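As you look at this complex, bear in mind that one protein chain is not there, while each of the others sits in place.
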Amino acid sequence: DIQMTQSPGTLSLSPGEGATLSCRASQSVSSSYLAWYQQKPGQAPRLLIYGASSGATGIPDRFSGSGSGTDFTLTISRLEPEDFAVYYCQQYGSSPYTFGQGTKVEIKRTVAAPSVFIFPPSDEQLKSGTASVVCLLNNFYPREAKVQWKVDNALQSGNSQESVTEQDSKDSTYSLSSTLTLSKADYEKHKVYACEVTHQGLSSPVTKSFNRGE
Amino acid sequence: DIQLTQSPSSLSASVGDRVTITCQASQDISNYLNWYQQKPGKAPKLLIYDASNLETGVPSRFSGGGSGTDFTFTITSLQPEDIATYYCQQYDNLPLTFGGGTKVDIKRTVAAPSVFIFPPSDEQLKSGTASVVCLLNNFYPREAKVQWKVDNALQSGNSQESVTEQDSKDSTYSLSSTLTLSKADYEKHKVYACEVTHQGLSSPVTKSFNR
Amino acid sequence: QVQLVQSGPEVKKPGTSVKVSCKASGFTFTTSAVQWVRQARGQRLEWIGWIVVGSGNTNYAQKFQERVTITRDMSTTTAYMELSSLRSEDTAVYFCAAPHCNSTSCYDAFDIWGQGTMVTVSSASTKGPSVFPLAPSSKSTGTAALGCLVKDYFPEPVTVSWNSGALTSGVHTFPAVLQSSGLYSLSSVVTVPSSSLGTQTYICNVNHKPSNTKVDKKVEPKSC
Amino acid sequence: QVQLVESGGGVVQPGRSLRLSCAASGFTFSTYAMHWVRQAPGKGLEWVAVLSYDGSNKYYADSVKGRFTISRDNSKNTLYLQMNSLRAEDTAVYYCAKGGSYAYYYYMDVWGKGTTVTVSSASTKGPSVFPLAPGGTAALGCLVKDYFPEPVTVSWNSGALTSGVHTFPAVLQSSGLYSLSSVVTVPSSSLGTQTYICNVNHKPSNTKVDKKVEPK
Partner (left out) sequence: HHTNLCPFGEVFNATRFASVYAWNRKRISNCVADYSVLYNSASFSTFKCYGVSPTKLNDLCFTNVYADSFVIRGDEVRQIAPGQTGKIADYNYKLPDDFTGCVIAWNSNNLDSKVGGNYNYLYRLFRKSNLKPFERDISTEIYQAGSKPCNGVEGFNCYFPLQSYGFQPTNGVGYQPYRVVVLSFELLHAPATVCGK
């Protein structure tokens, strides 16, 4: 089987810059059977380039393709707002028709620190027997961020789950949601609940906390 | 292309004999084979179609058999008007291709050729060209070989030959060979001869003249 | 109107089979070919196999040779992908693709793509979500944050709006996470001016069609 | 009564062009496929080209591909063969033949009488007649050399001497002109009391030569 590898994983560029994406094959593939796809979140792949260097019907001429043998390139001359998405390459000359791992093209923004909020579990949920503590990181860039739960200054692990939104279409920021899940018994055994947020936009880790009940 | 191989390329039989010639195909052609008869001067005429079936009007003495690659063509009782060349033709796919042909001859007693040599006429030598003629008159079978000798030197590439049809009365052939030299080359040599080798001759016969 | 329309969502228990359809329209189906591609949430596109419509000849990836059969019915101009012995790792969106063709010629790539079919494999059963408020803190003077916790539901998806759609600015609804219990949890937050915390009402509208659950929840600052 | 009549054959220079035509009768020509077949002098039969009923599909032999073009005019019930870039090996008798029903190119039923195409840059020239001057029986004859085009007719004593006459078929010399010989065997007794004359007649050049053959 032919292995397809793409680079870079993520491309951070400003709207107006040029984009250059790489797709490499573990062995020679026929250039007439190499395709580029564009995929936006929640959508199906859309054919951009086929035969390495042929644009598909309806594709703006700002999309350019080149390559032969093992090395292929997708080039976007002027990055438009609607062009920020994930891009896959697929060879379909030798079966199986393998895909690359994809390249995300995001908007490069000025560094923005996250606004941190912590939410105690509601009284209604504590009746159910489970407690959920939520830590919100609002509108930051870049996407890399770290959330650390501390229960009475005791480092927690294995009891939290995270989730990130897509890059916002207006301010090019990301937002993160971390949920600490404890039983009602465990939750009432402690007092200070805090989430520590580490991010490039913060000179030092910012901590938001609350005392149980107060 | 499909290649057809006829066997034999020529044969001799007497009236009343049963003649059989074969046609082998390079690949399976089902029964898509035609057999043609072509008499000298005229166009080929179809005798057998679909390998086995008789064309309209063709006498019942002609027949054919086979399917796939190996085919046969038969004349049960050879007749005087059956002396011609016979071709097989495939039509399984394009291009349509024929066999090499089989010339059917009348068998008769072996007759040695009567060899005559003719020096070039004085009227022709005045024009600057010399043509020596060697005649092989009334012989059988048709196969004959003539080699020219100019002062003990075998000639090649400077002579042409012509053979008549089989005589309808004595069943013999006649061959004419002409050696064409320039008058200059004709005046430089003295001994001109044609050596005739034939089945009827136990040894080659040479007719020569001194210029 | 050259199109490829796939089946609806599927929720199968582990070990069962699923058969996703892919109906073609707008082009000549008989001379084209259909490939099948799946994609887990947040992961890459993975090739399963393909079928030539005219001949029915198929090729499958090594991973799916054991459990996948790709077929097609030319009378109903539809292609199918049947994946047996389902397990949790098979939970993904499944796409079909094909080149458009007339009676003789075909496009030189898979330029037609279906909308996709979401297939879920787990032992959980249908359950509507519990909606708990994320009350705004007593901070700043300044913007505050509030939201709704959409917890313990199955299967995907839920849809969340605020003030029946009258509030969209500052809203962030995160992708759900699959808890170890096999149930999903989702949170929706919105940032608002601290001045409006007392005079503006905030209700989140959570809708979970698989369970026919419509929950409206009012999010107020904590009452001490 | 299926009949095919060819025309347009004659002398043509090497590298020049010639177009044959074939007139069909006895069947719906517009529905049937058509063939061309040729036969070089002293050679076998060679298939040339085939045309479909409507004239849109054409198939040729490699020996003539890119040089010959087969066409048809169904309104005139005739089949054409445009011959371009002619070579000496194209010298042959050309026949048309009725093919199969529509696009069934595999039949070659009725053949035409045939038209003769001779590829030569030579010009019409009368023959030079030289005598072949003369055991118990002697042989004498006439050399009909350097003529073009075919044919010539040779008789002896205006047709009186027919026994033992052998008029050989002509050969094509490297000059492009034909050479022919006609011999007759006579008893040596009558060599001194009977004169022999060959009557060479060459219609294309309007030549009639009567040559007296004498001993030396």
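Here the chain labels run A, B, C and D in written order, and each chain numbers its own residues starting at 1.
Everything below uses one rule, namely that a residue touches a chain if its C-beta (ideal position, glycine included) is under 8 Å from a C-beta of that chain, and two chains touch if they have at least 3 such contacts.
Participant: I'm checking contacts with the chain that's been left out. Which of C:52, C:197 or C:203 qualifies?
Facilitator: C:52
Participant: Using the document's definition of touch, tell me which of C:11, C:22 or C:33 contacts the absent chain.
Facilitator: Counting the whole complex, the residue in contact with the absent chain is C:33.
Participant: Touching the left-out chain: which of C:106, C:124 or C:197?
Facilitator: Reading the full complex, the residue touching the unseen chain is C:106.
Participant: Just name the one of B:54, B:112 or B:201 that touches the chain not displayed here.
Facilitator: Here the residue in touch with the unshown chain is B:54.
Participant: In the complete assembly, which of D:103, D:165 or D:171 touches the absent chain?
Facilitator: Only one of D:103, D:165 or D:171 touches the chain omitted from view, namely D:103.
Participant: To test your reading of the contact rule: which positions on chain D touch the chain that is missing from view?
Facilitator: Chain D touches the chain not shown through residues 1-2, 25-27, 31, 52-54, 57, 100-104, 106.
Participant: Mind listing the chain C residues that contact the chain we can't see here?
Facilitator: Output for chain C: 31, 33, 52, 54-55, 57, 99, 101, 104-108.
Participant: Against the chain that's been left off, what residues of chain A make contact? List them.
Facilitator: For chain A, the residues touching the absent chain are 32-33, 51, 92-95.
By definition in this document, only the chains that are shown with their structure count from here on.
Participant: From the mean C-alpha coordinate of chain A to that of chain B, what's the distance rounded to whole Å?
Facilitator: 90
Participant: How big is the gap, in whole Å, between where the Cα atoms of chain B centre and where those of chain D centre?
Facilitator: 18
Participant: In angstrom, rounded to a whole number, how far apart do the mean CA points of chain C and chain D lie?
Facilitator: Roughly 84 Å separates the two chain centres.
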